[PDB]
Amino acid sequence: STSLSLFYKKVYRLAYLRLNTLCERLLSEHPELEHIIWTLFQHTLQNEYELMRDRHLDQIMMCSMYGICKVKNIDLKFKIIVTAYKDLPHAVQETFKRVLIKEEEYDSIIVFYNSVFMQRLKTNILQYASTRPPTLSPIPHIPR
């Protein structure tokens, strides 16, 4: 299935670049966090794909940053994440102000994290909580 692998391949490059952009400006103090977050991020796109249904790639991204920081006790407020995201050139406010919740219900990206994201991934996000190093996922080559 060339179609499906071409698609994923590219969705990863895009996702990583945006993640790397936010992590380099928000988490420079803890350079290690990017690879763990990217791991949770990729795990999601690949195994909890139903989460993307009628939702935006950036919503899962910011939700992964906010998550791993939580289990690693790194103080990162969602309000801080939103403000940075706004700087990306394609960024639209609506992506964190109006996010899908259940059927036709939308609310801030916070209600999404707490009501949907954290629950579907709570179990897994816990792994990283273990004071033992994780099986970091491979970063998208992206050279040239």
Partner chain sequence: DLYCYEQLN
Given for the second form:
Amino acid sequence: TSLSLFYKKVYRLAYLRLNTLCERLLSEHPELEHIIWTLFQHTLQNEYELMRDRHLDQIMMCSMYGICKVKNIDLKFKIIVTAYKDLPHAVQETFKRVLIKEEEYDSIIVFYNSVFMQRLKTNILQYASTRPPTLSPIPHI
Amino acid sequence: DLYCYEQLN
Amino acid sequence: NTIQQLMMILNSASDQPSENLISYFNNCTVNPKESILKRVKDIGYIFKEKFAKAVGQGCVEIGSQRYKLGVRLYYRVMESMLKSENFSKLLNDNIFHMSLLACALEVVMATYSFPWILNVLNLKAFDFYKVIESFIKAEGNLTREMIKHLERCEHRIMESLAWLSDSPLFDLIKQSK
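Based on the form deposited without the partner chain presented above, generate the structure block for the form solved in complex with the partner chain.
Let's see the whole complex now, leading with the same chain.
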């Protein structure tokens, strides 16, 4: 219950930020946001150790980039990161300085290629199929 | 593939 | 400004729990009065020493004064929450008191200007987070700017501080999942 409440709050925040970036960068390709959301939510619930000493928005941006990668939608990480900066609370250190291994820090692209994408590759690849995706419910409010 | 061939700049 | 009006009232409020609060304390299967008073006193000592190191002047009175405003806000909010409602459990809960007190202190720090206060009270961000929304709901004198500040503190905890190593969150995920 406490944890369920906590996750509800986290999902609401996460989705709101997701929706803002998507409405802005994936204006065309509206089917993607709900897929990106499914990957993002799966990561928070099932691969939560990726959150340890990290930031929710790092998981968010990595999810956007990964889905658009399978969907072969041209969307550079730089473009994502540049759009990310316009979020009110957004700070560039969040993408320029990310925990990689034990106490090594690098850009979000390094975190993506070396940690996130390694961990979620099979989950992400499932979106390469033409079958109807089984999507996560969009979080309330 | 899923690799990102970008350098943050 | 409702925050300014609040500081005025706190400035005139007494330093110890009201008679109403005390009544609730006496209704507790395990009376929390002495531990509540003791906590206030222990934290006062820590806060003033830490505030003085930070700002200077070998144990500042400004720090002592800020702390008093915080404790008064803390008793006020505690009072309204209890009034709007196992008080023994609640009133005997360490997390409840320490988080409510820190939230009261954060509001005072923010008006006379966020995790600094957590370090000061040795409070884990996840434990603190639990009281934010309730405090906001229980305190009618918050300005829109203070509500956004508290909401921002909550978001910072949800986005990163609650996920720092050693956070009680991971222990909770593991047991549920």
